[PDB]
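Every protein chain except one is present and positioned as in the full complex.
For reference, chains read A and B in written order, and residue numbers begin at 1 within each chain.
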Amino acid sequence: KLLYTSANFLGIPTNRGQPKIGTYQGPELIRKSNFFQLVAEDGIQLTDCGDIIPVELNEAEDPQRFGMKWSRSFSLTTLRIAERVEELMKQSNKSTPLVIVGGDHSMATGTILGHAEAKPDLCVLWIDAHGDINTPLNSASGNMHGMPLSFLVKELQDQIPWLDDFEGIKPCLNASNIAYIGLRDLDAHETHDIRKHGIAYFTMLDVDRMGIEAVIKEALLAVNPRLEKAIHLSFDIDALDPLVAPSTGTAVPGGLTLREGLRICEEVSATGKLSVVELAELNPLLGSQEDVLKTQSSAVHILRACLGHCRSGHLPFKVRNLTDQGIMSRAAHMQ
Amino acid sequence: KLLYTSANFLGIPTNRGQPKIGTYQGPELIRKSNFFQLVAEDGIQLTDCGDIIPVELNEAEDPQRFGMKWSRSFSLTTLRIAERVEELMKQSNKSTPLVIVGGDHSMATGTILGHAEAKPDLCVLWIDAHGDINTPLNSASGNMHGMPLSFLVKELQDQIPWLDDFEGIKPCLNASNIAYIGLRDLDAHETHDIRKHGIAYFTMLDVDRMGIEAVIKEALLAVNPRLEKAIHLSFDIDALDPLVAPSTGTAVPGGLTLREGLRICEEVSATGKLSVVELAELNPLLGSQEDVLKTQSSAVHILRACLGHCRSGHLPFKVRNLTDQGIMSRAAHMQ
Partner (left out) sequence: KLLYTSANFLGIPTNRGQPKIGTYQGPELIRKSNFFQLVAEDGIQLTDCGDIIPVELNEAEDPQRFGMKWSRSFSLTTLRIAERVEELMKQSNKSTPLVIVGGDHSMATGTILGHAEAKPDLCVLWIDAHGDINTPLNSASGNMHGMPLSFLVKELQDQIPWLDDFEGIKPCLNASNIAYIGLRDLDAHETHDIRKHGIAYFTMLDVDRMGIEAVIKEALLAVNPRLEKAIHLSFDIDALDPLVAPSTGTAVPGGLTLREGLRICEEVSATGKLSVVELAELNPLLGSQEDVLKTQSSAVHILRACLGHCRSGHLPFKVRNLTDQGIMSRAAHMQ
C-alpha cells in the first residue's frame, strides 16, 4: 500500500548563500508545522535526523574571491553537508527517501555531492524560477545560492575559477542528467550555458503551452527514460507563484500553481525512484504572518506529496465495524 | 431566452454542525450583497422565502451520543428543514429552482431529505474539498457537518448507529445517485466507503489530469446520463481555493479556481434540471474584512451562474433607438 514506508528528515539552515536573514529558520518552520503528524497519519515512519550546522566564517576569514560572497564558508559547508548526506544515504542502501529542508539553495552543491557518492548514476530535477547555474565570474550578485549547480556540472568546469578549498567539490553531474521545471528568470549567461550544453529545461512558457502533465513526462523522459536512476528532486519554494509562497527571498510573479507543484511531486514520488527531496529558500522572516502561514502550508503539501500522499485518499489500516462494539445499527434495527 | 424565469431563495443559518461561530451569518452575507439586484437585472423573478430557524438545544438536553456533538439539535433541525424544503418544492411542482444559503453543511441532510420527498428520483452533485460522509463511529471530531451524507445513503445504513430520534431521517439516496467534484481532504474511512460502494468521485487530482470540462461531463454522465433526473447541487464554498474563498471553517489549499467553480455551475444550470442549489459553510466571522468581501463576491458569482448568468453576455429586453427620443445621430447628420 506504500511505495515508501520510512523516510529521513534533515534540516540544513544555510543563510550565507544570500543576504536576507531568515532562511536559517526554514527547517524550524516545517518542524513547527503539522508535517510530521500528517506523514505519520499516512503510515510512514519519519525519523528526524536533526540539523546540519553550516560553517559561518567571519568577514576577515572569508573575503570576496572572484566576486563570490562567503565562498570559503560555502566550500566548508558544502563538504560538511556532503559527508552527512553520504552517510545517511549509505545507511539506507522499499528504499528510504531523505527529506531535506533548507536553508538557502546554496546547500544543493553539498546535498547532491553527497547523494552522488552514494548513488553515482542519479538524475536531478530542479524546480525553480531560476537556473542557479551562474559561474562565478558571470554572477552579478556574488550570491552563492545562484551558483550551486555550476560547481557540479562537468561541462562547465572550464568556466569555474580554480580555488584550492574547492578541490574536494568534484563535478559529479553530466549536463544530460539535469532537467529544469518552472524557470522564468534566467540570467543571459545561464541561458547561454543551458542551451550550449543541451540541458533539458521547461520554462513557464513551456508549462503554459504544453501543460504540466506533458512537461513532467518530458522532463522524466529526458533524464530518467526508463526509471533506472535515483532521483534528486531539488525544489526551490520560489518555483511556486508568490500568491502561494510569498515568504521567500527572490519571488517572481507568474509561477507554478500549488496544484502544478503537487503534480510534479506526485509523479516523481510515484516513480518509486525518489531518493532525495530538498526544499529550499523558505524565509519565515519575510512577509506578513499570514504570508508565512501560506508559505508554510504550501511547503507542507508539497513535501507530503513527495512522500506519497494521495489527494484521492488513502484506505484505513483497519476497517471499523459496529457489531464489534456491541452497537445496534439502523439496518440491524429495521430487521 | 431564460431557462429559469423564477427562483426561490431560503436561508438556513445552521451553526451546530461545527464549532466555529459564524456560519449562522451566511444567509445575511448574501442578502447584504448585490445578489438580488443582479439576478433581477438578468430577468429572473427571485422570491426571498425567509430563513429556517434551526433547533438549538442546550448542552443538558443534547449530550454527546456515539461521539456526535449536538446530534438531537441535528435530528430536529433536519426534520424541520426537510418539511420546509418539501413544501417549497411541491408548490413548485420552466421549473423554479430553490437557492439555499447556509449555514454549515449539516443542513444538507434536511435539504436533500425534503427535496427527495418532492423529487424521489433526484441526483446529487456534491462540490467540496471534503466527503462529508463520515459515519458517526468513524468521525474523529464528532462534528455533524462532516457526516450529512452518511444518513442518506442506503448502502451505509449498517454503519449508522440506530437512534430513535433519527427514525424520520430515512435514507433516500443510492450510492449510484451521488457524484463528487473537488475533493482533496478525505478521511481514510470515507475513502474506503466511497470506493467500496462505487460512488462517482472526481478529486483535485482528477481535475488536474482531466481538466474541469471533462470532469463535469463525466460527473453528469455518472449520475444523470440522459438528463432525466432533477439535480441537487450541494456546493461547499470550501471547494474553491482559499485564495478566493478564505472565510470558511475548514479551508484546504489547492482548490478549484473561481472559473472552474463557475464552469460547474454553468453546466449544471444549462441542463435545465437544476432543482436545488445550496451553498454551505460561509463564515463571515472568519478572516479579515477583505477576506469576507472576497468570499462574498465568489459566492455571489457562483450563485448567479447557477441561475443562468452567462459570462458571454445577455441581450437587452428592449433595444433602444435614437430617433425615438427625437435625437439626431452622427450618421443622420452626415446624410
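Keep this in mind: a residue touches a chain if its C-beta (ideal position, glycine included) is under 8 Å from a C-beta of that chain, and two chains touch if they have at least 3 such contacts.
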Q) For chain B, which residues touch the unseen chain? A) 212-213, 243-244, 257-260, 262-263, 266, 294, 297-298, 301, 310-317, 319-322, 325, 327-334
Q: Write the list of chain A residues that the hidden chain touches.
A: 66, 137-138, 157-162, 166, 171, 183-184, 186, 188-192, 194-195, 201, 203-206, 208-209, 243, 253-254
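To be clear about the criterion, only the chains that are shown with their structure count from here on.
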Q | chain A and chain B, separation of their C-alpha mean positions in angstrom | A | 39
